[PDB]
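Heads up, one of the protein chains got dropped from this complex, but the rest are sitting where they should.
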Amino acid sequence: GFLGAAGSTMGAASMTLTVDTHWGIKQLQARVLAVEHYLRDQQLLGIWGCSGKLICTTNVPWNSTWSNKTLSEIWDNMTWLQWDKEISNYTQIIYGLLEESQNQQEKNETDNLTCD
Amino acid sequence: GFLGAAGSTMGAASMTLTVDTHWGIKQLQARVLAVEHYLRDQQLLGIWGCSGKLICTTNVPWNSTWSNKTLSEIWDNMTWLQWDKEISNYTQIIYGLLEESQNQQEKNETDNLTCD
Amino acid sequence: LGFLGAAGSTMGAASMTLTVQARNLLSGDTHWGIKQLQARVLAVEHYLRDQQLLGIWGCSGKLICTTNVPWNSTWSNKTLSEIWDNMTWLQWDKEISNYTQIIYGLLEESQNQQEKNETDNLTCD
Amino acid sequence: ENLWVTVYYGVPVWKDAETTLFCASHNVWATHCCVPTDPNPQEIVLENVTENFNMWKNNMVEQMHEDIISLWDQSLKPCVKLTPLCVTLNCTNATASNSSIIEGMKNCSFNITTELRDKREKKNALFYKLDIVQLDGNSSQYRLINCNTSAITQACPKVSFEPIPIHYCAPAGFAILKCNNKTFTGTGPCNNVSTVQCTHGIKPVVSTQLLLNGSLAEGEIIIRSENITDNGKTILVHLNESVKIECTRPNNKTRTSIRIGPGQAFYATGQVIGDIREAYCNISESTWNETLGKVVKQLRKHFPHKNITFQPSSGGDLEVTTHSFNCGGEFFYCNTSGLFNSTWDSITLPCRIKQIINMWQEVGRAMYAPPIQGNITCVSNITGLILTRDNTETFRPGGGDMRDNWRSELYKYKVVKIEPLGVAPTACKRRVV
Amino acid sequence: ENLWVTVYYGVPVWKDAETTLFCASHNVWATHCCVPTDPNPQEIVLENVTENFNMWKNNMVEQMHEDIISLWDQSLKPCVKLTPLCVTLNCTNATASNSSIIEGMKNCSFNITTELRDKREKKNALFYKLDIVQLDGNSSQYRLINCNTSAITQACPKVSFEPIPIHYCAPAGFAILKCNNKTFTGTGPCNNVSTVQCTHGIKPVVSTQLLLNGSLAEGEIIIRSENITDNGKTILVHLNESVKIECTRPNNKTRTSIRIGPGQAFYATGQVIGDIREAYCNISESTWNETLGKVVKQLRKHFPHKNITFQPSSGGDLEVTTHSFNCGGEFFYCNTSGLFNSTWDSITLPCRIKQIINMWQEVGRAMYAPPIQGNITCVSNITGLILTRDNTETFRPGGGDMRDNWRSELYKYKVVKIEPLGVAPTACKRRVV
Amino acid sequence: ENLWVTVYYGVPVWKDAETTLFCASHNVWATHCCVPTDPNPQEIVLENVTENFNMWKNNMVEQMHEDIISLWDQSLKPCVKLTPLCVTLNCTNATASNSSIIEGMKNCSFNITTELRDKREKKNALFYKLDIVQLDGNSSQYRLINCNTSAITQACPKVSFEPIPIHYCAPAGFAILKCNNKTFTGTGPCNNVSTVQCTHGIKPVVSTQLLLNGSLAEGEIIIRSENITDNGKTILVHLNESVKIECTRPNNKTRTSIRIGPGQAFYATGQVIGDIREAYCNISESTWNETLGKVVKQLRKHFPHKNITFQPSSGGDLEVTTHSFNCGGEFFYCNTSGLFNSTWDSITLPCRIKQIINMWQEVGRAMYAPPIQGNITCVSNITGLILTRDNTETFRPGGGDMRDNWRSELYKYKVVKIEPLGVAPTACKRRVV
Amino acid sequence: XXXXXXXXXXXXXXXXXXXXXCXXXXXXXXXXXXXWXXXXXXXXXXXXXXXXXXXXXXXXXXXXXXXXXXXXXXXXXXXXXXXXXXXXXXXXXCXXXXXXXXXXXXXXXXXXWXXXXXXXXXX
Partner (left out) sequence: XXXXXXXXXXXXXXXXXXXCXXXXXXXXXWXXXXXXXXXXXXXXXXXXXXXXXXXXXXXXXXXXXXXXXXXXXXXXXXXXXXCXXXXXXXXXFXXXXXXXX
């Protein structure tokens, strides 16, 4: 269910993407933290132009240095846990590129040229 | 004018649809809960496919089980408050169905991804 | 380039840093604990108030959007080649500071009309 | 096939709810309930809306009670305790100005430490009989009342406790509904409902028998009760006309000071110059008699074709038998037995003063009210009674809960939660194909 | 070009994390942990998932330790602090029956200040020697073991400390992974991992040496050491059969209530009516002997030499040398030397009773356990032994601090954070219209 | 024309603001500022941005002041109370080795309650006479100076108050701007501005007339004032070169420990052996002369009149007229008159020691500084002076509100609120979409 | 088993010293606690004890005239009083009385009464 297919390959696992004072302070910290995490993820999908989607594609190409593997092995012979570890050192690079692409698209949409 | 223009036809909604220690704990709880309530409604609208919308048309039909009244009885009454009470016991059915409908739409789109 | 990097750059040039500014709005023993929770809750409230304000005029989900509200010259009788070029956002904010919430009331009204005109009228189409 | 669901957001729907409301408005109330009010708040009217109000199930009164306790607790906490004064007291009925005996304000001597822990000396102070407990039969030795089994702390002389009007305001997501039916009882539906973000201001006035300084009823006298018939229920009487009550403590009091500990001191009563009556209250006869006749005209609609009698309360301690006033630390406990004596140009009620008070019935923490120098004159507007029942029926001006003093103004307000989501039938499917 | 970045949300990936767990659910337990748990909790098996667990580094244990202390202190805070009892005591011979001297008791008399500050009264109570220290020597003057360090808070007389199971629950965004390997043994990779939101429910039992009322091993006895080879670690032997233990205090303590202040009283033993033995516990002999034999059978797998010796605990405070536990509110310190004495119908162990308790050490605080009227019997499950190690190996019923009691139950759980976002290459570039 | 409104989010603009700042890293400062610092601080230069700074209206100093008072007060709460010491003292002349007269200290005998409510013990301790008040004329009876005022508490020996750099950090949604103009001089536009996440780290060093251990001016000596003409304000002179100051207490102090009450302990001076001059500070003469000369030359740019004279403080409270500081945990009050007597190898300042301190000028609390054993030396860096202006013109060491010693470090920082939303016109219209 | 004899200062003179003892069969003289329970005519008995501890306890009612006395080798509980008045008539009973011991840790229950005797000390 919740983490169902966690040990399955990434391709297979795509099927589950659709799935008193001190006490007071701990409860407030837990609630505030949950909100902050929610908003950070929504903000990030928003800034990349993936708002409301589980599957989102972009205009950023995958770099040849980001594991240098083929799709026929990546999706079929690896799990998401393994994949996340395999490319973890490119996390910020990819996120930055996604933000740049989306911002450029938005700028193109309001150009004085075309648009009208 | 919160809850102003109460009563009249359902269509009366128009466009009115526009929105120290112990003390510190009470105030933090009040603010945090206001945020949580806001976000839960936004999450619920999101799961049903409503994002940035006041009004959404869905693919869930009415059951005679929920209401055997016609379209000339509902809306045309100068209220909604009693009506919401009349079908309050089906709220969770309609809401569950709205989620199922969106899940089917998401699945249909997922498997028929438009690619450049 | 960085948070407020290029703040002195032109209005146009600065549009390429919108993505940076947007990410620095959210964060990563007793009375003190309260001071910190209050600060965190308030930062969240500010974030959400701005998202609701942006959303109320139909711009949810975008850093840049347009509307149906015309630019009245009483607001700023300068052309695009004059403001987007030799002027910063800080200067501009001062230049039109008087219309704070004037523009927003207008944005809310135009969106209200846009939504009204899509409600019942030509709906289910 | 033509019946489909449409989702709507922001529809004016509300439900009964319980939440925390906040206050809006040199004294404690201003210090805590320091948030400003919206000037010229806009009230709106809900056309063709009927709603149910129930003043005896209205949790705002419970909230108000809790906040009052909370404020007094915070306010009294950082002040001088009187534990060091619970020593044997050597008392005689000596007077300061009376060539004879005043039968009160006894002169008590005792051995107390000073600013130094190794120095103890005899001090003198005067005390009210109501504050003093005899240690044995025919004994000259006494203790302070409420020392045995309980703590005594001085009221903070530095800050007042004034009945400033306070408005209660809704948090986001909530609204306060108000009943605008002038003859509404608080027992059912109201067919004229308005909505506000804040209630009108209510002065946190404390009384025990008679209701003071509230609003007046519009229209005729309104008799409100959870039941009316049941002898176990209080019937609040809300007058449409006020009656002036003028109370005084005519004597000139002075003070002395007993230092207790490194930076602390006790405010003690010293010499008193003046008359024999400690206190009394001025009530006019014509107004009182008319007021009761008016109350009776209305009681007769609940209790028709019978005679009624007003009698003095049945008993108990002062907090439930006399009319309590807060005119400063010189708290008044006035005898109204001569007021509630009738069957269906002015009078004076004798009144006593007490300094050690178990306010709110929190008997484990008594407050000592410091004396006030000079004389006191205070007036108030009576707005009602907390009168209780039991051919002929008897009406007794008995005591009641402190919450009974707030229900009388909060009865017209209700808190509801805004519930913006709902659905409605239409005849369309989603336009995504 | 091919190989485009695709963003996915809802990805089943987690990372190790430390967060605040919810305690969830007149008794102190659940006085604040008042949130009902899921009546139908689910468990999800993760196929093909192997995770690394380490009970010795489990943050859940550390967090529980803090919750236990915090609840305890909050519970004791709102009641009388026993400060007026730092007095010189007479503590004379406590006698009984046919001129017998009670070995563990003294009759202590003292001058108490009473609630009225000018009085002093001679009071007396019957006390245990374990709570008393000799002043000087060759003298009748005695003092309590406290005052030397700090004041003792009297346990609040209306609060029960009887343990209930508590289920810890992860906050949204977090999950708890559970290890289901029957022979997992403390640390390392665990296959057959399942996901839960809340733990199975652990009773906050605070005994030492012999763990009481825990979960039972399902398979073979598990040694569960951090490092079996290095003799500097606690060994938590988890038994798969429970040993029945019964504890008795065969006497009725009468009570005397000594007022010590303005609304406060100290409770102390009046007389003891019943047997002379302070307390005792007993374990069936065949059960114990076989159980110990089963444990050595497994120890021999780590220590493959036919000579295992069990000896009694090393010297030190009773809290570490004896079997300390809470029995009906009473505090027992039982001598287990009769159990741990061997080389490889019942056994009765004498028990001591103590009233001034320093739970979890802490040092700066102490609690006074009021005497309990009536006789006390407890029956409990011994579910695991705490051993320390000293070819010809010797083991003793030693132990660590209280964290070890919870390590023995929380060993199968780990907290992780869920990270739903991730990226991977695809064949499809974003379609832009 | 043909332009329409475009709404932008993420616009790099800001407004002046006041918000809550947080602090980043046995030491009280380290314990409180538990949040780690940025190991690699980033800075952004706001090329082509100018901004207005005003050090005298800078809300960061107020917050720093408040955080310090709060931490100080909190640190001292879980410590020994010395209120049991408000007893009569004998305070006779103390003898050190063969010195019968010690001007600064007396040998005070007293009656003190130990852990038991039993006969008090007679104890002796040495006290500085600056903290002792004589109870009457020609009398042997003495009291601690802060009794008959407020509670006196003892700092815990376990906690260090040694200043560590304190980094103030902005919360999300906020930023701190930093002025990089070497000659900014307190107020007005700064034409070279950069942003930081946190401040550089300011040590919270407490002093009066001379500022210690700050950062030196980047350029030449800077004289800062809210208003030069106005003689009612502090002039902060910020030096570009430091002056080395050596402070010593050349005596080996022997400490004792007196148990006070039920578990608490009072630290007191037993004996002092050494060079009974008690304390002094050593300042190079030529360094001071060069420093003064340079300050005056800069002063003359504000004050063109020749022969401006420097004088000693005019009088008043010790905390104002004398140079005070914490040296090794001890509190020094040094005489600076030798530094301010002109119109311009070493010199020394005689210096006194106190133990009871009304720090922050709040009389409601007083800290007793436990005595420190052995001898104390420290060397500090004089980095700026606090001066006030009063015929040519004259100046004296000034006083301050303990904000001045922090304004001198925070003058270059400003807090601003980020405002991401704004509008501008475009050539495009929403159209239909 | 420890049956005991009645005792009184039979034929004592009025306002004269008088004494009595209650021989106990099947008993140690030092049989743990022992006391007199000589309830006066129409009144409660005064406390006394002559326990195995070589006690000699008495109630304040005894003034300085009466005292408990050590039991005989015959295990005869004993007591005596100076100037016994004829007014002080009593049952002169002996007993394993309540409060005959400190009883810090009492068990079960016990009692004994020996037997009553006349004790008028008339003339």
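All chains are identified by letter, namely A, B, C, D, E, F and G, in their written order; residue positions are counted from 1 within each chain.
The rule is simple: contacts are C-beta pairs under 8 Å (C-beta built on N, C-alpha and C of every residue); 3 or more make two chains touch, one makes a residue touch a chain.
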Which candidate, G:91, G:120 or G:121, sits in contact with the chain we can't see? G:91
Can you tell me which of G:54, G:60 or G:73 touches the chain that was removed from the display? G:60
Can you work out which residue in G:23, G:29 or G:45 touches the chain that's missing from view? G:45
Among E:254, E:286, E:341 or E:343, which residue is in contact with the omitted chain in the full complex? E:254
Sort through E:135, E:273, E:347 or E:378 and give me the one touching the missing partner chain. E:273
With the missing chain put back, which residues of subunit E would touch it? List them for me. 252, 254, 256, 270-271, 273
I need the residue numbers on subunit G that touch the omitted chain, in ascending order. 39, 42-47, 57-60, 91, 93, 95, 98-99, 106, 109, 111, 113, 115-116
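One rule holds in what follows: only the chains that are shown with their structure count from here on.
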So which one's got more C-beta contacts, A-F or B-D? B-D
Using mean C-alpha positions as chain centres, tell me how far subunit E is from subunit G in Å, no decimals. 56
Roughly how far is subunit F from subunit G, going centre to centre by Cα mean, in whole Å? 84
Multi-chain contact sites of subunit D, meaning residues that touch two or more partners: 426-428, 431
Interface hub residues of subunit B, defined as touching at least two other chains: 18, 21-22, 25, 28-29, 32, 35, 38, 51, 54-55, 57, 113, 115
